[PDB]
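Here's a solo chain for you in structure tokens, the form deposited without the partner chain.
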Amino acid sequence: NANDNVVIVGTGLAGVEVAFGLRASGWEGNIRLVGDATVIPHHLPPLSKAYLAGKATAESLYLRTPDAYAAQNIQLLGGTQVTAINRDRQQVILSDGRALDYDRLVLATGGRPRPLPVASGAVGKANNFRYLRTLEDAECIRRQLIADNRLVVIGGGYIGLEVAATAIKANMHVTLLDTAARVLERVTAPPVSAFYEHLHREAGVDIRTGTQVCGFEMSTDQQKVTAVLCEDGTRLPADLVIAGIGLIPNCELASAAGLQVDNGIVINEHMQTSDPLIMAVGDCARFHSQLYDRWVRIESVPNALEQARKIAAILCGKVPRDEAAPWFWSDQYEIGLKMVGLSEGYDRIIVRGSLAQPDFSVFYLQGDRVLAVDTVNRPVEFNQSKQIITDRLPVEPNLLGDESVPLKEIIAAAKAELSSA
């Protein structure tokens, strides 16, 4: 429509992709991008990878060049916080009291770092204690990635691991702490955690699992952290502390406007929230996965792209792409880590290749059904695995771990079985 105005709250990948996708699918109306961030929209993955390593330019981070917004006639309103939504009048209220009218509203609010309780007040304020989510966070941390200085990373998720890998390369003394018994405990099988723990320790990282931070010591003059204290009495001297204990989806605007919320903004098969004219997308969206027949909220680039493209399609009267298996990647010590599917609910894993080398695939199964596959330096088996998950192919479990049998042929057999019998 060339009259309907669309307002997108959030200028992260999700919001920006909706904006440009919209104008790419034939949208003629007005598009307004509104975000509290001041910087030009940029990619996030490089922030714990090449950019954090200081090897990529700031320019390379832009999602789209600044001129692109003008050319595609997309109004970008940065440094502006949306404080409320008025479904009745169909307007979004800005912190300055200003209100923007909308015919279609898209909430691409993403999430915010989960604060560490024992790092409140002065601790969190210290210039050498940071979470990693914004460009500002990344640059503040990078400036402090100094050889021989001591870093303590709190949190063992993929980003924590990527931060540790980057710091190690910068020759820092690195210690990583996780409360769980093994890193990535919730999304991987023990032998996979073992791989990562050994991988990092081998690189020089001192990983301490089952460790809980009880507090910090700080300098009076500089108001900087000088040490991290563990519940068991261990004192870890630190020149830098990076915390990453998860993300909190930004649903406040939704829950305040009476929209359904549950660890994310609930949306239906049409990307719509409880309110027809309001949609949600990206890290903040909790949707129903028909592939796994359950409600999930995914934090990944592929997820944002897929969801953003679906919204653009629907708002333009076009047909959305069929639901694809969820996937994401991680870069640690130049190792190609690619994960497809959701492992939740697996009752066994099958390793294809040796875990003593960064070259294998791990299949997560629930019975004979493949739920997900984590691949390490195996791009082809990764692509092939997407097909197995997305199409629910009946691949023979007893051959998945047999490297003398190409995955392509295992797949061929599964497909032939459907057509023949």
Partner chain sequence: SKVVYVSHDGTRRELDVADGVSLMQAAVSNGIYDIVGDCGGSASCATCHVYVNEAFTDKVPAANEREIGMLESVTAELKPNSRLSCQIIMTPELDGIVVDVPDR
The other form holds:
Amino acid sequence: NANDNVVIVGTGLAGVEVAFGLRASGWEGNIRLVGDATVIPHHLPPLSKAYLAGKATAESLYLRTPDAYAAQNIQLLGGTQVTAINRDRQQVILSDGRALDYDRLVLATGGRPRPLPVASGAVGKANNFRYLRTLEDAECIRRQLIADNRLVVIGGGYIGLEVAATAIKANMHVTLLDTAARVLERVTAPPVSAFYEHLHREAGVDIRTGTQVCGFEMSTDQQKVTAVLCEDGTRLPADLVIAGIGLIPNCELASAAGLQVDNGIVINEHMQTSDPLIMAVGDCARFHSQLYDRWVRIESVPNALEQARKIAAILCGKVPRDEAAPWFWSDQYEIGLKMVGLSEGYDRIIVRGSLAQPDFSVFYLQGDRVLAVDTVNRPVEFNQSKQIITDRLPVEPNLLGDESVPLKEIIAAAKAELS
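Show the form deposited with the partner chain bound, please, the one above being the form deposited without the partner chain.
So it's only the chain below, everything else dropped.
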């Protein structure tokens, strides 16, 4: 109602996005954005790209100019942490004692970086040892990308690869270790891992897969790390160490309140948790994917934008929109990587173009269904693949590989013969 209080915990992309979207769909009640971060809400993708390269201003990171919040009558309560949720009393209690009343609650808590087990003690606290999840992390790391200095990145995910490529361009000596048998092991077919490994080895990255760090060596000062130690006995000397071994969803708040949790805050088709008045969105939310018929938790910008809009709709009585093809992207060196859909469980792949060039598309299929598409420097085939998945078009598999037949036509042909 126009006398209904909505409280949003977390001021990341997801949270500020339901706040402004909520106001754009007609919501008239009060809107409280409570986050523990103290900085102005900003984008994350640039923290391992242009901003890390130092080629973008801190201001260009702003999600919204700091004055747009007052203009939309969105109360932004920074530097504030929510410690608990009193469901029956229907309020959230802060650390500074205050209790906020709510009629509608949205958990947009995101996640915290998974700690590296042997980074305990003085290691984690070193200034030359860092995780890459915050603005501080990025600025702290950016100042240490000193030419000829050595860098050891631990973690094979996309952020890790984007850090290595940034460091290479900064003229650092870089080594990347992953416990998996290949980078992006779980999310990509062998040939796409091969492509990334060649690209980075060719650029000068020492990539040791199947490696597991067992400890670190510190300066006699105990203020900085000097080397990384692997289960295989090698000692990798390092001036800087960046770890990116994953994310842990911040579901504590929900678990403590009795809301069902399982590697994320569980939510239904309407984004609601076990409590009708409480919804969750973004990195922290585990939901049942309509398109893939499986419980999943996406950590991406499109997924957060999509879920926040779904929430805005539901709370404003609008009819929610169909699950869109999830997508994600990564920039490494000058290569544009764009991935739509989720490849897990594919029975085969179909390559459109040649894996020998930095220009091709990889289609992952399950039977005659397209689950996902990895594209390299192919923004247009990439964008067109979204409808294949979003609209579940029965595209002809035996044509995906024939580049003489435009993808628009192949899609158009399917979009006309759904039967």
